[PDB]
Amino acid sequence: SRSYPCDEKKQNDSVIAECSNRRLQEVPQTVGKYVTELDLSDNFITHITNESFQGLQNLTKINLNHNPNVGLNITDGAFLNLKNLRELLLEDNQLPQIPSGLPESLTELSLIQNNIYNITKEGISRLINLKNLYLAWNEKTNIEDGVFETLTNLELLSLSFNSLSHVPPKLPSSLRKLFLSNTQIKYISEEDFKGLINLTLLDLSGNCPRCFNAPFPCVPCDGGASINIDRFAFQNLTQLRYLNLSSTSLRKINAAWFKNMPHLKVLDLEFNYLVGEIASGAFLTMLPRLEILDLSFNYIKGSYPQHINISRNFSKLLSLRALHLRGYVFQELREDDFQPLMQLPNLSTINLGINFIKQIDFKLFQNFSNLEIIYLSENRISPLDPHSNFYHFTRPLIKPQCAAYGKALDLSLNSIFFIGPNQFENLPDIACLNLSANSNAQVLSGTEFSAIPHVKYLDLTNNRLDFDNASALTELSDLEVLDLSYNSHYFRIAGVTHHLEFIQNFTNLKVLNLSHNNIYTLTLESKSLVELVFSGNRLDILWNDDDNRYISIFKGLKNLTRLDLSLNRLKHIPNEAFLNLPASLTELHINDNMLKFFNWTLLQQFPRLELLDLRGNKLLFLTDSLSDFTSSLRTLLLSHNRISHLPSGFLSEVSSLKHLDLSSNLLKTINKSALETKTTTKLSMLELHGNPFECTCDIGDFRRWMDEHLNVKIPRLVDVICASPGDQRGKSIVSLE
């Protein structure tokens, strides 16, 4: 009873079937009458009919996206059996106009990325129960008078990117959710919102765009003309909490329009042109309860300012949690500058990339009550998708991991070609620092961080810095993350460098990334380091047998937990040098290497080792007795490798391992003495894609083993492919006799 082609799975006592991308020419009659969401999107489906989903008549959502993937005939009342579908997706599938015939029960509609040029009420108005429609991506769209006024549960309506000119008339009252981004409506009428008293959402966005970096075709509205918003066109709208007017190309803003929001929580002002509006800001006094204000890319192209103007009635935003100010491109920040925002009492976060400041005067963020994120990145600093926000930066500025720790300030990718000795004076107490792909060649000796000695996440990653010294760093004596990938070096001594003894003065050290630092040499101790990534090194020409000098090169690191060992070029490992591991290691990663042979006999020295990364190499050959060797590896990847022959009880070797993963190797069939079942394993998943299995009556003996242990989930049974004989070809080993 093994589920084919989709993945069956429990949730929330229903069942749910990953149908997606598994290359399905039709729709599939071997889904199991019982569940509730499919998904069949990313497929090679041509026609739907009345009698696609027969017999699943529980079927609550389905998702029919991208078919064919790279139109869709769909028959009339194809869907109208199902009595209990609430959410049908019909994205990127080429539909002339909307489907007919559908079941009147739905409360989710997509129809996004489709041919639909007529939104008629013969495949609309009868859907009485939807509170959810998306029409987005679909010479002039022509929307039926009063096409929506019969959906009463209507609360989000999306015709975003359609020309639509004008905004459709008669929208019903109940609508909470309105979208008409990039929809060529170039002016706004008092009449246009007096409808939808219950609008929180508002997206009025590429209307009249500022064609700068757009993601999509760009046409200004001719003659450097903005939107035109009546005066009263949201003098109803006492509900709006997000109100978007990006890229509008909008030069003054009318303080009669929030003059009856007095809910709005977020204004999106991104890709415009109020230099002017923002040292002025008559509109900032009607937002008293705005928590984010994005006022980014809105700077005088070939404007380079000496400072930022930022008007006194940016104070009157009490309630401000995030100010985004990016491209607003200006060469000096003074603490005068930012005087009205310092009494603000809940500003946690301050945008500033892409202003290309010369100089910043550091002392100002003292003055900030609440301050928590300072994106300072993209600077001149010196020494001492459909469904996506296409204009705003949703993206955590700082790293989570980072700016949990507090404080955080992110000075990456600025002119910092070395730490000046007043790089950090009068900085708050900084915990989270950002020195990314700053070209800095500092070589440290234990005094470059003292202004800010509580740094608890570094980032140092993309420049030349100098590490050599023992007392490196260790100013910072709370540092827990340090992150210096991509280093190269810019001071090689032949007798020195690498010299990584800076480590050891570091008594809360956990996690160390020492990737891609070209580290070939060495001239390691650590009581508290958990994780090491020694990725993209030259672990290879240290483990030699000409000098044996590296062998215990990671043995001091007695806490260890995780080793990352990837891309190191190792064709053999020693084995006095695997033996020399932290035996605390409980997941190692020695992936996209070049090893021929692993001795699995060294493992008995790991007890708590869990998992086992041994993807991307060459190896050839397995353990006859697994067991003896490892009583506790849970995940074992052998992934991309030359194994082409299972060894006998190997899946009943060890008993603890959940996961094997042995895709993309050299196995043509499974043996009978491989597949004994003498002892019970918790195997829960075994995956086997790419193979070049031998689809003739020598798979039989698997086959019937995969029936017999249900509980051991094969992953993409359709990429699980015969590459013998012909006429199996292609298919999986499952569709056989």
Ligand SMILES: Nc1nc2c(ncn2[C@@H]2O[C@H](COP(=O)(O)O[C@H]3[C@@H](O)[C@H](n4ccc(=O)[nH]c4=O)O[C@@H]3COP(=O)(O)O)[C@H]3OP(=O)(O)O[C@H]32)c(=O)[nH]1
Second form
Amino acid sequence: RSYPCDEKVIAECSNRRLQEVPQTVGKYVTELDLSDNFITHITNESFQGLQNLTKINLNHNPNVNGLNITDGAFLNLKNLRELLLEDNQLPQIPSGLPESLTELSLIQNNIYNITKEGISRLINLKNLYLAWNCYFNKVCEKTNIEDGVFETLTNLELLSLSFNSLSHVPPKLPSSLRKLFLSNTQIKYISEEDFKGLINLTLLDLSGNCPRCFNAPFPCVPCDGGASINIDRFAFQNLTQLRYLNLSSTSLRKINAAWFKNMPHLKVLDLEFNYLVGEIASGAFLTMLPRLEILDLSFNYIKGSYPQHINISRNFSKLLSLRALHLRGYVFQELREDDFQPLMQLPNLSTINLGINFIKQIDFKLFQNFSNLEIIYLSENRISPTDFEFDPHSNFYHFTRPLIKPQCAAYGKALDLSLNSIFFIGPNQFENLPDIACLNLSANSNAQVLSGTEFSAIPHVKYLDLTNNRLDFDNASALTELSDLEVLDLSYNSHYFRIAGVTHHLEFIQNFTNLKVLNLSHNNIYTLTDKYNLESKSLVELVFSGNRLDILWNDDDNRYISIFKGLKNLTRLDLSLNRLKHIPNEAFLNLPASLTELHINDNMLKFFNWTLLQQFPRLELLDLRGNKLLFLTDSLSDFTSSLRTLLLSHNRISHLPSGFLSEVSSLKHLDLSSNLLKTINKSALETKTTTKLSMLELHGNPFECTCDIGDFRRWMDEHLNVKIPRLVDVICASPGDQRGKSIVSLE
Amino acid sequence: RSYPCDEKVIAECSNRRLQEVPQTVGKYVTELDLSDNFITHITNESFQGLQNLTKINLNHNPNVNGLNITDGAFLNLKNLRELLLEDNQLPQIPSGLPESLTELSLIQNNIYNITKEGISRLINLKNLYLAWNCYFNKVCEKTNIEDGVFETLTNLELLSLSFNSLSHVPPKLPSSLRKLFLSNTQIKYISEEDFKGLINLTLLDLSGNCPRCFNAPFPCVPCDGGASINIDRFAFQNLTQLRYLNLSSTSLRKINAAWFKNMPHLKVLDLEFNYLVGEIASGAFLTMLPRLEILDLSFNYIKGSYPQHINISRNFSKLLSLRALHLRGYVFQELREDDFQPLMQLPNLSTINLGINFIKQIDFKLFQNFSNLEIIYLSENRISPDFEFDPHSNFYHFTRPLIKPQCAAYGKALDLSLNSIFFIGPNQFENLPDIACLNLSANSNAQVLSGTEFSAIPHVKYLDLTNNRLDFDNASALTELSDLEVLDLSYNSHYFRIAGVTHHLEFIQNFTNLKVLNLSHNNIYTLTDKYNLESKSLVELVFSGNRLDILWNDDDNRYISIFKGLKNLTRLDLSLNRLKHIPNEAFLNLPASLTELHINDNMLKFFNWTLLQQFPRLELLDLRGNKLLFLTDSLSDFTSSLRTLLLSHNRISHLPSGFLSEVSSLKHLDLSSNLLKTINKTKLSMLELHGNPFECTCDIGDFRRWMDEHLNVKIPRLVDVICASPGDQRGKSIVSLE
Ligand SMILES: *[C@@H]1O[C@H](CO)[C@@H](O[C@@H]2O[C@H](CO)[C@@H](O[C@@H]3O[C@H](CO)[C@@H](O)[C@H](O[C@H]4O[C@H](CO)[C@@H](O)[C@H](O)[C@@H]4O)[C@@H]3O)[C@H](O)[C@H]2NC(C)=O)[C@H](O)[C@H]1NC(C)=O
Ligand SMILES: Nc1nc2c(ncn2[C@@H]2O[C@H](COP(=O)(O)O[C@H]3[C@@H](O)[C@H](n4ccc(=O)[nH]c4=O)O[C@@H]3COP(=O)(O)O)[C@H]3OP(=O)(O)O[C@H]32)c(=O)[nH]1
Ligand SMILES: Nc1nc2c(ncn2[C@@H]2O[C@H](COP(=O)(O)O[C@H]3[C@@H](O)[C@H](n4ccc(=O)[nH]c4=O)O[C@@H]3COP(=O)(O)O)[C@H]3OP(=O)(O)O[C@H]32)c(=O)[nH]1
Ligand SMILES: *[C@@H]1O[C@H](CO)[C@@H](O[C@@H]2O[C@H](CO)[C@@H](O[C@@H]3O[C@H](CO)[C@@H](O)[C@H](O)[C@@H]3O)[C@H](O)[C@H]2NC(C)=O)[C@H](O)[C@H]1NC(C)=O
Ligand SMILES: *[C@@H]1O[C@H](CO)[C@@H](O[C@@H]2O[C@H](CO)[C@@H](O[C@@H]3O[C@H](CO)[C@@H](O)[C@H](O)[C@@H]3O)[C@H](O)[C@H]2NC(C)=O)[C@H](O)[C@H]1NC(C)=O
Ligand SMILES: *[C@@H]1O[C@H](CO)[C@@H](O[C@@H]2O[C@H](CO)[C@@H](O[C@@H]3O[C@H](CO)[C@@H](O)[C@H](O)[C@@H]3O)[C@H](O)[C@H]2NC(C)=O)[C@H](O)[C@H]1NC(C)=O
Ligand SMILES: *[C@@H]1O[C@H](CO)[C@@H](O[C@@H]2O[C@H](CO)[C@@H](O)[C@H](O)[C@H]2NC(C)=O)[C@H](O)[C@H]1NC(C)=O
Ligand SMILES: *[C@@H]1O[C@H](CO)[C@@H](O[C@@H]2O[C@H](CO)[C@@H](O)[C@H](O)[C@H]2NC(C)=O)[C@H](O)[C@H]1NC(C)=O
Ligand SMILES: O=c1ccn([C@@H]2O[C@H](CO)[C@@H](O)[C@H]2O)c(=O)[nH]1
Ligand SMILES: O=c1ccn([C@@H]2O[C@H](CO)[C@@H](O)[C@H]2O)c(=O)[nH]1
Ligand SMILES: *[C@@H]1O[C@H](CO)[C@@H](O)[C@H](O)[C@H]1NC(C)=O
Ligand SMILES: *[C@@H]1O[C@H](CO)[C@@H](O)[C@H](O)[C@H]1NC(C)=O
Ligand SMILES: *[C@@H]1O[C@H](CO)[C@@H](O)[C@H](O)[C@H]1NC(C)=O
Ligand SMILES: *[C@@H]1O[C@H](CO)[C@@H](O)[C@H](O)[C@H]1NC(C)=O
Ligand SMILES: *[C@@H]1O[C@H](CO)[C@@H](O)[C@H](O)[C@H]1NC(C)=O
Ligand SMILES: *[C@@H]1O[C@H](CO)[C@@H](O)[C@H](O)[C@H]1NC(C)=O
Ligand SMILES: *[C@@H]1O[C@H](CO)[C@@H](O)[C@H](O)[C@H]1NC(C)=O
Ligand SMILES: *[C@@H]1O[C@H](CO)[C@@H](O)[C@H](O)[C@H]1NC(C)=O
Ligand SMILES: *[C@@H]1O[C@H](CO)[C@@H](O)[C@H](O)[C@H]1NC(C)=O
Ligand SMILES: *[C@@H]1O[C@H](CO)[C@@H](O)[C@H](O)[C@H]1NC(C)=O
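Requested next: the structure of the form deposited with this ligand bound (the form deposited without this ligand having been shown above).
Starting with the chain above, the whole complex follows.
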């Protein structure tokens, strides 16, 4: 049983409050992650017993001044390939690094000198990350790059120098380079010589040089006069393998078509945060890009300007390989059919993104004229009836999550109208739309009574997101025009459910033939009109967290005692966050016998009637985390043969009953973290049967570390197939000499 | 030093996990509150010490087996006036109650038998509370009322029997009654005899008998065929003093005017949850209410019906004393000027409540022609561009003020909250009166305010725009409101979250008289062009729930002076800003005028205490709920103004030397829920220490000594100042020892 790391050859040793490199790491280990510890010193002794190490991660030590690394500390590790030293306040590149390194990352340090002595003997480097050493209003020096320092790195494939003050492209780069990142480097001019020999390059990032600074979310310094980056006509002429070009925030007003003349493979062009309204309308460069797949022209708005219409050049029609066009933040009032003519015959154009344009009106019928749209993204418009802020490993100019949740988009064509002002759906709201399978109307403040006709023009919606609205459930036929509906999200429509005196009709649920997943979370449901029961022959999953079952199941009221019973196909039920202090026995028995997964976490349960598990023969997962439970039954196997996972974290359990660990044969994963256990007695340990337990969680219990723990420790020694994670957090509260130590580190 | 109660003569002893009546109560106590403890038995031994007890509260024992009370347990208490025994699962009225009692509460027990033996001996009773013993689907017995059980209570002024099954008004009630509460008692018939003797009654509650059960939020049983309650023509004949009549939810469709004939002082008439749409339209009874001040006709809607217009009888014009009219939940589409004609000459009608009517359109100009409207309440419409019920509250409606008092104090108030005014068009507020208090909360207003939207009502002083989604793209926003004093912009996160759109807060500087600004829960992390908040007038800024962790990031200097230009500021709230550290320069740039600084519920591990030298008026500093690991030993050096220092929920381990005994303006220090195991060996007036893990060895005697010598330093909740060690002492207050 490894300690302090979890081994599996990989050693997960991160975030463990470690103060030095442990001398206890399995000597077979090949990758070791010690990130986020409190390590302050690395010497030639730190890794002495571990010469099979391929990979070391030391990022973010010491985690709350800097990591002190001796010359040659690593130089004896002969197989070391990957060394991660991010966010360690290093004042220099460490001296005497091993020649074997293929990957070195020094992101987010204080290194202002890149020197031959540091780097040049690292002949095997493929990827070198030096970004984010001097930037914004950090107090730091201009980066000195020693002439020719990278010239000997003849296998170098990726070099990243972004977010440092460089002023010029470094000369003498190796022609092995595939990816060169030079974002936010204060380079104002790109000469013909700068990228001259780089015939293998596939990615060039020159974003944030001569930035567009209006409304910047960071301290931003424009080029004089807010001028554009100055890229020589021939700067790209030998970049024949280029696939990705990032020119975001280079204050461009003109794009020279001749930049692309030798660039037949360009697939992704990023031109966000420039001043390209004119070029978008004229667009001579568009001719050069018939193989482009992604064009991002987001946030090129003219500030203060809110024109009626977007002006797209007819030459967009040349972008014959286009798959996604991103046009956030152009900012305009109205989208008319004619305005997108140029895009309508593009054969592979799957995605159109018009997020964040403050658009007031759209002629929806225009989307039908497109060849092949799968994603119509119109969120955030005005349609109506550690202790650094930026992730160095992520795109700086846009978020890279999918525009549509994958689970919704998997059904078919997607229309996302979230975060607009469609406060009711009128009779003709969805006229002349493609055949939408995936519809997002989240956060429109929709207060309407859905009545069974609102979705008639798009009747094959299968995944409907209506979260964060204020729907008035006064009509039992609501949404029944959607016969194929499979997923329905009604989360955060509490507005009218909170009001006792208006009607709340949920009867429509029963009308769906194919409804599989229903989310009613965070609605504050405490009262329903006429019918008190939810019923469906199809429903598999009901999320009912964040409601008031404490009131629906009050002891003085019988009406809701069968509320979920009529959900006869149900396998997953979430009753978390319902302020439950007790469940009446009859209510529990009325939960569907079909269940396999039951969550009642984050309530206030003082007691749980285990005997009632007899009625749930298919029940695999029972989640009671975050309650106030005091005891377990001492004959749990009498009550279930199906239970595979039992989660009891964050309760007030102080005693295990005899045999409990091995009571139940089906039980693989028992979570007793953060309870009130002082020991586990031999009594809890006696079985006649082989335990099938695979994971037992125990961190955060106030263990009593005296001789009375020895039985449990031997049990541990005798059942290594039972994984106990976070041994470093399985801690003695007592006695004094033991307090804070892992129960494992005692004699 | 009292224990276990706090005494002040009143002993507050509630909610302290007490398992018996404590024997160490001040012998001089007149009022003892023992509510919410874990007490299971009372005996005539329980209170022996205490004979000048005038009042006992034993509500909610034992808390979370009834309270077992022996006969005559209370009998040797000669001054006991008032006994509270709510929510104790009592199976009977207890035997042997002292005859001194003027007030008895047995609300929320299991008592189904009201007998001479419990009650008839209690001759001084003014107030008797028997409500909520059998109701809803509780398992309980019909309520047996022993014939003439109240006949002897000839001082009795208030009798409450609500929420029990009674079936009949009990006969032989004393004519000393003022208030008779019989709500939800399953009484279907009110006979000419039922209120015989009761010529001094001023209140009668007959609500919930023959209830209107459609959409009930409780188990509701209608009378046969949902018939109305049956009230005899002459049943109110001799109820000449009535001021308050509650007939809510009695399924009335027809009101007999003659019921009010001899009741010309009726002030408050509650008719909610009936079927009175026809009566409201025609209503002869409205002609018999010359002195009525409050009429509540709420939730009389006909289900499924959504008429165009509300139909208000001309006879409303005879309600000459009306001050408030409640018409929630009539449910109608449109309010036209002429529809309120009959109200327009009532000289004292100050409040009109049309909440929850799903009203789509209103002609605002009609309000102009009323006599004296001060509260126009239109919240929750469709305008566009462990028992659940508190036994001491009204059951049919909330009783909080319609408008926050701090807003209404400014003058005429218009509440449009919880509608769909997602933008304010150019004539939205035309023909309104001179509105001073305006509520537009929760309209999902997404608009760019530009300085003209409130031109028609330019004297607004208190503007509530919370829970909207305002787009701050214009420096002139709201500047037409020259007199504005209070602006609430809480919960307008929507656009502030988005980096790429503009966020302009420059308009704040343009107000001469702005006193209070609440920017809470806006997630503010980036602003456009001007990085600083400026105002010569502003006194209080609430900035909680924003991202000062980002605004003051070490790598960015732009917001280091964000609040400095708030030159008049005395109160600043920076709680819930995810702060791990505040840059020293940022702290020093907070206004030197501050008297009150909150930075609670962040994640601060360090505080630079020396910086308090630049805050010479600072009286209150709140650092609760951070991760502070130690205190300065030099506090006297950095402030002579601090009176209150709140440090609860932090990680402090050691009180430094001479902290307490050192200076001086410091009245209140809160160190509760920290990590102190001891305190080692002065206007200080209060010292909180509950929830520390005190080591209760002999090392602790000095502190106890010190406690004994400084009895002018209150230490609240001594029962919660607990030893965590040693194992013997664990769970004990620190006041038990050698
Ligand atoms: C300018 O545009 C260029 C080209 O589009 C863009 O290049 C991309 O940069 C991002 C960010 O560094 C790269 O994405 C990373 O790449 C590797 C995958 O090989 C991953 O290790 C990273 O994932 C980790 O980090 C993510 C964020 O913390 C985690 O969410 C994830 O779970 C991983 O832990 C990450 O995805 C991307 O590879 C390149 N693109 C290409 C084609 O090389 C560049 O970022 C733009 N410039 C700026 C300043 O925005
Ligand atoms: N470029 C961009 N992308 C955005 C934006 N908002 C959301 N996204 C999403 O980020 C995700 C990442 O896009 P990004 O352009 O940064 O990077 C792409 C593209 O650069 C590139 N790519 C992607 C698709 C393609 O056909 N050809 C191609 O070269 O490969 C990256 C991996 O992303 P993936 O498509 O696998 O999720 C995309 O997923 P999505 O289709 O839902 O939309 C994109 C946005 O404003 N701009
Ligand atoms: N009746 C009624 N009142 C409601 C409703 N919604 C909110 N309220 C508020 O509860 C509060 C209590 O009103 P309620 O009718 O229940 O009882 C009044 C009235 O019964 C009575 N009263 C009050 C004022 C008066 O002039 N004459 C009068 O007889 O004294 C009670 C206490 O009022 P308070 O001491 O808080 O000022 C009111 O304050 P508000 O003017 O803003 O409106 C009332 C509602 O739907 N119905
Ligand atoms: C309302 O409830 C639904 C149903 O629970 C929520 O959608 C579900 O969310 C979970 C994420 O918690 C998804 O499961 C996850 O899927 C990913 C991707 O496959 C997987 O990697 C994770 O391990 C996890 O299993 C689940 O797929 C998804 N279901 C559907 C139909 O989309 C929804 O998010 C809730 N809505 C709100 C606003 O909370
Ligand atoms: C029917 O209508 C009448 C109004 O005439 C309601 O009477 C009011 O009842 C409330 C709530 O019980 C009383 O308030 C309480 O008063 C005490 C004593 O002052 C106070 O300590 C409590 O905190 C609480 O405010 C109120 O006094 C009483 N009004 C009068 C004039 O006596 C009655 O509640 C209604 N019935 C139902 C079932 O709602
Ligand atoms: C936005 O911030 C304002 C200013 O803090 C909040 O209004 C203020 O709320 C406090 C209570 O949180 C009011 O003080 C209280 O007054 C009552 C009545 O006198 C008193 O009983 C309390 O002990 C306390 O003093 C304060 O008067 C009030 N200020 C104003 C101008 O109304 C407001 O609630 C915050 N908005 C939101 C949505 O949270
Ligand atoms: C519908 O749109 C809403 C709003 O854009 C989406 O909610 C966002 O979802 C992402 C992905 O999980 C979260 O990280 C964001 O925080 C959400 N934002 C808000 C404001 O809620 C929602 O995911 C979309 N629905 C579908 C099915 O794609
Ligand atoms: C403006 O209207 C809102 C919504 O009606 C009021 O907010 C309510 O205030 C009460 C009193 O504090 C709270 O208990 C309710 O929970 C609030 N409801 C919601 C939905 O926020 C607000 O008080 C009103 N503003 C003024 C100035 O009176
Ligand atoms: O409702 C609108 C309309 C337009 N803009 C413009 O959009 C850009 C980004 O906020 C700015 O130029 C701003 O003027 C808005 O912000 N909000
Ligand atoms: O938008 C509306 C319009 C009317 N109603 C009606 O209002 C009463 C209370 O909800 C019910 O009869 C219902 O029919 C609504 O609920 N919502
Ligand atoms: C780092 O620790 C070493 C011992 O290995 C010590 O000699 C040296 O002074 C330290 N370096 C710094 C920069 O403090
Ligand atoms: C592009 O679309 C056409 C259909 O017009 C199809 O033939 C081709 O396979 C698609 N190409 C890609 C790469 O999807
Ligand atoms: C729902 O609305 C439809 C369409 O307006 C209407 O015909 C029907 O009567 C309503 N259904 C119910 C149950 O009221
Ligand atoms: C919904 O189901 C119920 C009961 O099965 C049926 O009465 C009703 O007509 C169905 N409604 C619709 C609109 O299909
Ligand atoms: C029960 O659930 C599954 C969904 O996985 C579905 O295939 C089956 O059709 C459902 N039963 C009914 C009656 O719809
Ligand atoms: C109106 O109220 C005033 C003062 O509140 C009072 O003098 C007068 O009697 C009331 N008028 C009527 C018609 O009741
Ligand atoms: C605010 O909007 C008004 C009305 O459109 C306009 O006159 C003005 O230019 C805007 N003000 C600012 C400061 O941009
Ligand atoms: C607001 O204040 C500033 C100067 O303090 C001034 O420039 C601006 O014109 C004022 N705005 C208006 C609308 O008065
Ligand atoms: C400062 O605040 C007080 C209100 O508390 C006010 O009397 C004074 O006018 C304010 N100062 C200025 C210059 O407005
Ligand atoms: C307190 O702040 C000042 C800077 O304003 C500095 O002189 C002193 O070092 C600070 N103390 C700490 C602990 O940073």
